[PDB]
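K.L.:
Here's the letter readout for the chains.
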Amino acid sequence: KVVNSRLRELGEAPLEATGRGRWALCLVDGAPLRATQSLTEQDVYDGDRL
Amino acid sequence: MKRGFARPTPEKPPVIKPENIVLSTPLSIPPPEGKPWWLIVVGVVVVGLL
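Quick note, the sequences are listed as chains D7 and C1, same order.
Taking the entry's author numbering, the leading residue of the first sequence gets 52, the next gets one more, and so forth.
Taking the entry's author numbering, the leading residue of the second sequence gets 1, the next gets one more, and so forth.
Wrong hints could be hidden among the right ones.
As the list claims (entries may be wrong) - Below, computed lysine to any residue pairings styled on SDA-like, alpha-carbon distance capped at 25 angstroms:
| id | chain 1 | residue 1 | chain 2 | residue 2 |
| --- | --- | --- | --- | --- |
| 1 | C1 | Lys2 | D7 | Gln93 |
| 2 | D7 | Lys52 | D7 | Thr69 |
| 3 | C1 | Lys2 | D7 | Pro65 |
| 4 | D7 | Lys52 | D7 | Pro65 |
| 5 | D7 | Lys52 | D7 | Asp80 |
| 6 | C1 | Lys2 | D7 | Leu84 |
| 7 | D7 | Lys52 | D7 | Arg85 |
| 8 | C1 | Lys2 | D7 | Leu90 |
It should be emphasised that the hints constitute simulated quantities derived from the structure, not laboratory data.
For reference, chain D7 alone in the conformation it holds in the complex:
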């Protein structure tokens, strides 16, 4: 929601897609993160990119 909200202020189209599936966070290689564990459980720290 905030990313789509911010995109519109920049004049960029919000994130949108069609077809069966879902939205989630992924690494640079496309691998999705675990949905049930803390970012402190995963190896995430200040300045990482997702």
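Starting from the known structure of chain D7, arrange chain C1 on it as the hints suggest.
P.N.:
This is chain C1 only, laid out in the frame that chain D7 set:
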């Protein structure tokens, strides 16, 4: 959240070595030693005239 980092004893930097150098004194121009050219010029004439 940030990763911890403890600073160890600094590694030895490459040592600088000074040098005291005294320059070579230049060469001296040879003073003008001179041949009595006219004497041998009269000589070859006298022996020739004989």
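K.L.:
Within a Cα-Cα threshold of 25 angstroms, do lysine 52 (chain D7) and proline 65 (chain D7) meet the stated pairing?
P.N.:
9 angstroms, holds
K.L.:
Holds or violated: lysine 2 (chain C1) with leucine 90 (chain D7), Cα cutoff 25 angstroms?
P.N.:
12 angstroms, holds
K.L.:
Below or equal to 25 angstroms on CA atoms is what counts here, so check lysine 52 (chain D7) against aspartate 80 (chain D7).
P.N.:
Answer holds: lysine 52 (chain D7) to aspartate 80 (chain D7) is near 24 angstroms, not above 25 angstroms.
K.L.:
Given the hinted pair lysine 2 (chain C1) and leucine 84 (chain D7), is their Cα-Cα distance within 25 angstroms?
P.N.:
20 angstroms, holds
K.L.:
Need the status of pair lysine 2 (chain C1), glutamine 93 (chain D7): alpha-carbon distance at most 25 angstroms?
P.N.:
13 angstroms, holds
K.L.:
Take a quick look at whether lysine 52 (chain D7) and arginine 85 (chain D7) sit within 25 angstroms of each other, Cα to Cα.
P.N.:
Holds, at roughly 20 angstroms.
K.L.:
So if I understand the rule, the pair passes when the alpha-carbon distance is 25 angstroms or less; does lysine 52 (chain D7) with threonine 69 (chain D7) pass?
P.N.:
Roughly 17 angstroms between the alpha carbons, so the hint for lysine 52 (chain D7) and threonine 69 (chain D7) holds.
K.L.:
Starting from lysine 2 (chain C1), check that the Cα of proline 65 (chain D7) is at most 25 angstroms away, please.
P.N.:
31 angstroms, violated
Checked against the numbered hints above, the structure breaks only hint 3 and satisfies the rest.
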